[PDB]
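J.: Single-letter residue listing:
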Amino acid sequence: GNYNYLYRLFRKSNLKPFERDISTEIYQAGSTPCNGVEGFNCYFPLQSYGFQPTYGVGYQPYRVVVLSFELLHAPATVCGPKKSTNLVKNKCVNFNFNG
Amino acid sequence: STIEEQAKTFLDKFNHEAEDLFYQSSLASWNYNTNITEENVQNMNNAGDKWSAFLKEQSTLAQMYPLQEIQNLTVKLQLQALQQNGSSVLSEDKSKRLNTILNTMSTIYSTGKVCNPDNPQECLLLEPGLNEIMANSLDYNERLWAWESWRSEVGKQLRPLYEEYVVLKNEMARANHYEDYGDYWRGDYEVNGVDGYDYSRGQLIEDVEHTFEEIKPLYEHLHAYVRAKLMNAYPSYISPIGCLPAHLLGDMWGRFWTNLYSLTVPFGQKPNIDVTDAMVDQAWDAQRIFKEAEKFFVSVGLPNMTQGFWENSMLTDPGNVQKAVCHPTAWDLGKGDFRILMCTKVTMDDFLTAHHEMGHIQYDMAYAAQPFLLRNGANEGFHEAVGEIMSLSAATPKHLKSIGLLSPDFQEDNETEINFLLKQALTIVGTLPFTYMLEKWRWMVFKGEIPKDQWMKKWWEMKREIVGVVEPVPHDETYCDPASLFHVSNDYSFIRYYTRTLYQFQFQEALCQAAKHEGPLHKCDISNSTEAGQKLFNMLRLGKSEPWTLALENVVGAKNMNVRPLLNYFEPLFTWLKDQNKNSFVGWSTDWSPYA
Ligand SMILES: *[C@@H]1O[C@H](CO)[C@@H](O)[C@H](O)[C@H]1NC(C)=O
Ligand SMILES: *[C@@H]1O[C@H](CO)[C@@H](O)[C@H](O)[C@H]1NC(C)=O
Ligand SMILES: *[C@@H]1O[C@H](CO)[C@@H](O)[C@H](O)[C@H]1NC(C)=O
Ligand SMILES: *[C@@H]1O[C@H](CO)[C@@H](O)[C@H](O)[C@H]1NC(C)=O
Ligand SMILES: *[C@@H]1O[C@H](CO)[C@@H](O)[C@H](O)[C@H]1NC(C)=O
Ligand SMILES: *[C@@H]1O[C@H](CO)[C@@H](O)[C@H](O)[C@H]1NC(C)=O
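Those protein sequence lines, which keep their order, are chains B and E.
So for the first sequence, the entry's author numbering puts the first residue at 447; every next one is plus one.
So for the second sequence, the entry's author numbering puts the first residue at 19; every next one is plus one.
Since the hints were made in silico from the structure, they are not lab data.
Note that the Cβ used here is the ideal one computed from N, Cα and C, for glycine as well.
Possibly wrong hints are sitting among the right ones.
[What the hints assert, rightly or not] Some, not all, of what chain B presents toward chain E, calculated at C-beta under 8 Å: (1) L455; (2) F456; (3) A475; (4) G476; (5) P491; (6) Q493; (7) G496; (8) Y501; (9) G502; (10) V503; (11) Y505.
[Claimed, not checked] Straight-line Cα separation of at most 16 Å, EDC-like style, residue types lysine to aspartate or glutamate; simulated pairs: (12) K114/E to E182/E; (13) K114/E to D67/E; (14) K112/E to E181/E; (15) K94/E to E22/E; (16) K31/E to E484/B; (17) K74/E to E110/E; (18) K234/E to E22/E; (19) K458/B to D30/E; (20) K458/B to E182/E.
[As the list claims (entries may be wrong)] Far from chain E by the CB rule (all over 12 Å, computed), these chain B residues: (21) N450; (22) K462; (23) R466; (24) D467; (25) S469; (26) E471; (27) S477; (28) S494; (29) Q506; (30) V510; (31) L517; (32) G526; (33) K528; (34) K537; (35) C538; (36) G545.
Extracted from the complex, chain B is given alone in its bound form:
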């Protein structure tokens, strides 16, 4: 059982976009103060996953990479690989050299 992966189970409010929450404070679900001890109505918000190789496809671990593309007023430098057609000489061709 691989318990090295954690997820937040309870929070008072929903997360904002592109927010990371690494707080490990006891979640207060009730009016009573937690006082830092996990008792009644007070739960630790981070819970471990229990990945095993004999699990179903809906419970098996999936690695997710999300790529976010933004354009800002700064010069854009992450560009795609512009392909290069082989050079042909001595003929009337339409040339595009570095824009």
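Dock chain E with the ligands against chain B, hints included.
T.: Below, chain E with the ligands without anything else, positioned relative to chain B:
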């Protein structure tokens, strides 16, 4: 903030942690079942103790949230399920005594060995040593010896234990705000809070009697026919006017009558529908059997088995070196892990069992979307019933011809249908009076209607009145004849078989009406019908979220268990039995006329 949100967060935490703990416990149990070794036993015991302690701690936390301030039906159902004390309400001494009594009854039943006096050097275990003798012997005194000796040893050991057991269970049940332990068992079918679809604990006994009154003529005709055939087999023991001798029913306790098919066959001259030889000739492996079952389930529109099912299940006997339990069992380990543990042979029985267990797996898969504490059947009847409908559908000659296991030129006449229906009646109809009598007797014992000194005098009186089976010799109060059965000795409910039997034919009629089958009910096959699978999956996906009455409305359109589909299923056989019983006398006498 509010009580409902607090309960919802607590239920989320319970579901998430309980699912992983249940997986660990179930995996330990699986490792014990596929590998019987002492370390696996220790790991299973440790996991079970952790699971029970966790359930106790969660129930203790759960009770602090009052039920009446929660309006959501699902949340209230989960809180009701979790807040049961179980044995925790009882004192620690009495709880420990009850646990010790249950464990020692389990050891006595499992390791009970009985053999003939004057030859005690080796003895036979009931699971194969005596089952084969009870199912295949034709000798009167040998069967009488086995039956009386096993009931003598087991009953004389278990009678004080059962006397303590009834008092302790009644004390726990009255401590849990129930009338008796019977009311505690009947609380499974109790629906509260739904408008119109409420069902009461008191209504179950009345419904069972009402259905059994309609069961009684068909059972009387079947009993008369079986009595006449057993009279042919044994000339002088069986009386024309009396009950059947107890040790001649083909099984150890009278649970099923399916071992009397050879003696009571209507048309022996006609061939059987046995497909064992066809699989042997084509070398059908158990993997092929499960693939054909999967093909059946995808034909009706249900989802196919996962890759983890094929990878992790044990569908063949491991070998001499590794020990495993031979009983077929479907395991819902949790987290989408579904396995079948069966020592599959090349037989028709194993093929039907494979369909039944894969039906159990399909039922388990359907409610995977539900919360953990609601991942069960709506009642105990539905879970077995959805496997039994597959057992009904797979056994048809149309299914065997469709998959190529039967010759396409086999003549399906009325005589083969009559003998097949009689075999299905011996398996299915015969268990109903025994089940009803046993549950009613246990309910009267728990309720206090029968005093401890009068348990057996009433019990045999019930068996003559209901089952139509007479004792070979009278038994006094030193015997404990009910507790020789597996379910009653190990604290299991027995009404699930009765409810399963009625729900089986109700579901069968509903799916056949969905599939637009236009012939007899027993000639119906539910393959190739997407709409029947959709109608089944609508109930299957709910799990325990909805009441069983609403689920039954979803499938058959009725708010209560019904007996008419069973009578419709056996109607050709019912007419044939009525025709054949003109000379003979239908019904039995409760007197000691055959033997006592
Ligand atoms: C069964 O248990 C034995 C005893 O430790 C072990 O050697 C073997 O690998 C186990 N087999 C399986 C399939 O777990
Ligand atoms: C009950 O609670 C579940 C989640 O716990 C929610 O999905 C469902 O909609 C609720 N039902 C009602 C009627 O509010
Ligand atoms: C469980 O037992 C405790 C103590 O005996 C009791 O206060 C509580 O009401 C019980 N819960 C139920 C549901 O009976
Ligand atoms: C189940 O069915 C899908 C599509 O019908 C198929 O792709 C998948 O391989 C099947 N699963 C298995 C274990 O064969
Ligand atoms: C089967 O049908 C034939 C033809 O009608 C009839 O003579 C025979 O009695 C029937 N057998 C049974 C058992 O009903
Ligand atoms: C059900 O569908 C399968 C797959 O197409 C087919 O082989 C089978 O013959 C069908 N059943 C009948 C009774 O035609």
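J.: All hints are to be evaluated individually against the structure, with a verdict given for each.
T.: For each hint, the structure was consulted:
no. : hint             : result
1   : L455             : holds, 7 Å
2   : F456             : holds, 6 Å
3   : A475             : holds, 5 Å
4   : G476             : holds, 6 Å
5   : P491             : violated, 10 Å
6   : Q493             : holds, 6 Å
7   : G496             : holds, 5 Å
8   : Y501             : holds, 5 Å
9   : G502             : holds, 2 Å
10  : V503             : holds, 6 Å
11  : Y505             : holds, 4 Å
12  : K114/E to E182/E : holds, 13 Å
13  : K114/E to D67/E  : holds, 14 Å
14  : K112/E to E181/E : holds, 14 Å
15  : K94/E to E22/E   : holds, 9 Å
16  : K31/E to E484/B  : holds, 12 Å
17  : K74/E to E110/E  : holds, 14 Å
18  : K234/E to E22/E  : violated, 49 Å
19  : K458/B to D30/E  : holds, 15 Å
20  : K458/B to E182/E : violated, 52 Å
21  : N450             : holds, 15 Å
22  : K462             : holds, 22 Å
23  : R466             : holds, 22 Å
24  : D467             : holds, 17 Å
25  : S469             : holds, 17 Å
26  : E471             : holds, 15 Å
27  : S477             : violated, 7 Å
28  : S494             : violated, 9 Å
29  : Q506             : violated, 9 Å
30  : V510             : holds, 19 Å
31  : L517             : holds, 40 Å
32  : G526             : holds, 37 Å
33  : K528             : holds, 43 Å
34  : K537             : holds, 58 Å
35  : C538             : holds, 60 Å
36  : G545             : holds, 51 Å
Hint compliance for this structure: hints 5, 18, 20, 27, 28, 29 are not met, and every other hint is.
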